[PDB]
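Below you'll find only one chain, the form solved without its partner chain, shown as structure tokens.
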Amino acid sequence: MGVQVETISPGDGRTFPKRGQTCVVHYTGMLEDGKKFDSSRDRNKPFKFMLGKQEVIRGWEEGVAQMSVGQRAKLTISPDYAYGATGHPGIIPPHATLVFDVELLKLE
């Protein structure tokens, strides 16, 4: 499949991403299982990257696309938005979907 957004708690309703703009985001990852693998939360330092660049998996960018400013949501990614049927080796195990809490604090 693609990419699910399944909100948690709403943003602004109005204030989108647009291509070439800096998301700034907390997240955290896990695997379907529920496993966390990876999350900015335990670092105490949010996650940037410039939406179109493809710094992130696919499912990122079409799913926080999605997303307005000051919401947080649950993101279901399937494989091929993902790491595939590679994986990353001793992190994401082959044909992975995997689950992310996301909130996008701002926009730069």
Contents of the next structure:
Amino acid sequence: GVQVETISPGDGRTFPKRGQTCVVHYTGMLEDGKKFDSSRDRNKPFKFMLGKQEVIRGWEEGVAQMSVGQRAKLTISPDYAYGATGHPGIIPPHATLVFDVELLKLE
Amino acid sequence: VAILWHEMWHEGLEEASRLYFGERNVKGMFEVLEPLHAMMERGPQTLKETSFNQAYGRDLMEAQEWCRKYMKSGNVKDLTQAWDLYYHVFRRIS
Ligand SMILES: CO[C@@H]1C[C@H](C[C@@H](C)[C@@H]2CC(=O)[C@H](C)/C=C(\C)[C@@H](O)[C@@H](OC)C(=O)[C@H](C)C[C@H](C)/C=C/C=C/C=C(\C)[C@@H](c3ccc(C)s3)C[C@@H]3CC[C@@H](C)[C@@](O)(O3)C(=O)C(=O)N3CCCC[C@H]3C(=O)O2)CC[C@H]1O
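Switch from the form solved without its partner chain, shown above, to the form deposited with its partner chain bound and output its structure.
Zooming out: every chain and molecule, the one shown earlier first.
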């Protein structure tokens, strides 16, 4: 559902636990590299909580495998992203999404 | 009915975002959001409403503007500029 390739290694021991807020910096792109969003651009980290279903499944499973400090490439199948619906005017239907996500800290 | 502006908004913005992001229903989002902004228009009559207003008064007003921009342009991007601010207020409120 979600592939996870490492760009930069993390400390390999600090994995997010449920109810924790992952502070991150991401850049989401469509299969072909087309950027549709990025926190780095806004220069404001992104925070959210795991297991609360706040974010799509690809991220829920994907980020859960990342340790603090790690930066990875997440390739999410439409099943774990926006399905046949996609997101009107932003994400098309059956879109595979690619996110460049860096797990900065846990609070 | 007695409810603090803080709770009225935390709860409202959550319902609004669910209908739009979760159900793709831009319609139910405005139905929920609308009355909230209208009340603000009426002005604060208590110390807590006033301070809540001094804190997030502007942000909310701008977000409501970005929604109006959307109503006129049909650009899903103007609608998201609003949600960037609603998120912001929502975060601080929790
Ligand atoms: C209701 O179902 C859930 C909906 C959710 C929807 C996608 C779009 C999420 C959106 C979010 O990350 C935000 C934080 C959360 C929600 C909207 C909901 O979970 C909501 O439900 C109770 C909730 O808890 C929040 C806290 C309520 C609060 C009042 C509203 C916050 C709104 C925030 C909006 C933000 C950050 C948007 C802006 C970013 C830049 C701007 C400018 S606007 C994000 C946008 C929306 C559109 C998409 C293409 C994208 O570009 O991100 C994006 O890159 C994306 O796909 N994201 C956001 C980054 C993390 C991964 C993914 C995602 O899961 O987003 C997916 C999972 C479902 O379980």
